[PDB]
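Quick setup: one chain, the form deposited in one PDB entry, written in structure tokens, and binding and motion questions come after.
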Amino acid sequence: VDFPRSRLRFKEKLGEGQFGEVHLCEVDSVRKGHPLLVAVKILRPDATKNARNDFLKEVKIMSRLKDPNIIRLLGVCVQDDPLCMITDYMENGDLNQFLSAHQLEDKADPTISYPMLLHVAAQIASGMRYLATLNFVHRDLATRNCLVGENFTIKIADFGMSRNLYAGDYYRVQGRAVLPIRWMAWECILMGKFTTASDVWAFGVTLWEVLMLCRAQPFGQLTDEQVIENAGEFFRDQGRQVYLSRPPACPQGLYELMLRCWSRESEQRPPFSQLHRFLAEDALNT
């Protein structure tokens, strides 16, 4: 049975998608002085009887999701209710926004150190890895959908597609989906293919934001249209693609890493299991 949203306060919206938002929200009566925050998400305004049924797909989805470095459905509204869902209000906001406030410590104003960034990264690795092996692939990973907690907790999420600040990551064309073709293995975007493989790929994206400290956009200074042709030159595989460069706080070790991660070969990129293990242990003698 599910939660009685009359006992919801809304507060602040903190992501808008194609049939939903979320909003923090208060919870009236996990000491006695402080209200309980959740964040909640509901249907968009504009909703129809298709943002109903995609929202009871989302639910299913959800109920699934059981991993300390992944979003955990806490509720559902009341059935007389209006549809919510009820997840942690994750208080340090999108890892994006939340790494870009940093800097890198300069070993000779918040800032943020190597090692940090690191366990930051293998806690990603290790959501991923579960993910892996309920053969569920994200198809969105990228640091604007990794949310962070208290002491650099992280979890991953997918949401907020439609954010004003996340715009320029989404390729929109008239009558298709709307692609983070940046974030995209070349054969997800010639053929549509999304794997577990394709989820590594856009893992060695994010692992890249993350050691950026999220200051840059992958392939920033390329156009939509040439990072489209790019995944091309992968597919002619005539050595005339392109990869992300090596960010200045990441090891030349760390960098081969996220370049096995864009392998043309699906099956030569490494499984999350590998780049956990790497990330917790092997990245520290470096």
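Positions refer to the first chain, counted from 1. So that the term is clear: the rigid core is the largest set of C-alpha atoms that superpose within 1.5 Å between two forms. Compared with the form deposited in another entry:
- When the two forms are superposed on their rigid core between these two forms, the C-alpha shift of 2 Å or more among 258, 250, 62, 43 belongs solely to 43.
- With the core held fixed between these two forms, residue 17 has its Cα displaced by at least 2 Å.
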Second form
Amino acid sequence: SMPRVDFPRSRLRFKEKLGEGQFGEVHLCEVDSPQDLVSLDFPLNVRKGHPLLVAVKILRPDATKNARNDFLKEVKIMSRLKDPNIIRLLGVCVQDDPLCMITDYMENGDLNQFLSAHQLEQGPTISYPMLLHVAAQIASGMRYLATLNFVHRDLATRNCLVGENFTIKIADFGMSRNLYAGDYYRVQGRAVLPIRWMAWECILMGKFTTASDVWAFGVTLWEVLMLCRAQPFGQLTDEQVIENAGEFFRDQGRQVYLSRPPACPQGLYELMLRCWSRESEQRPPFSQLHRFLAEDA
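Having seen the form deposited in one PDB entry, could you give me the form deposited in another entry?
Left out here are the partners and the other molecules; the chain alone remains.
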């Protein structure tokens, strides 16, 4: 943790359960007069007498030593991350049970669900420059993580949350949602990996770097431009995805690239292809990616 004191528990008014997991639950709560509890570098846009909505992740009160240790590890990592496009840890309750971590609340859910409910410009719609701005926010969030020497290792639209006015917050749900079980591949009956988003060198040698995050961003950019209508490499089985990673390693031109999304102009698709360069050093840094997406595209 980075908060010096526990967030006062009595200031969280329960509104609604947001989900239940093996280790606990997530509650939507209200906080009255939050100015004295909320860090000054975080925006408060509440009318007089209106409360701030926050998300509270609560660890089961009978959790194991291990699950409790995992929970506190997640708290410490989140306490470091202060950026307009990264989920924010607003407070914690860790001096007594049950353990709690309080995040800002992104009322529109994860980005994959959000884009699925939009059509390209009926129901709710979204246009090409708005999709560029979504991806630019992700790139901006990732550029910040890179400056911390922090490797996300699971960037994908399912791990981005959407607030008001299309604001994007990068997050990490872990691998704890049945909805996305198909996006992970179990290796030798133990760990689970997001192979369709991983660079060939993550698949084959287990090396995770900002450079492989750049690769993942390219797949995530492809998702955004597809409006999340299709799993990346959907035509390939998991074993074919792993074989495709062999083809990248051999670089004989038999490797398979994701196709240009219909809404994607050629110059932008060419930028995506550079995120999948075989050499880590030839992938563009996030600073270059954000510049292109916020301006040149």
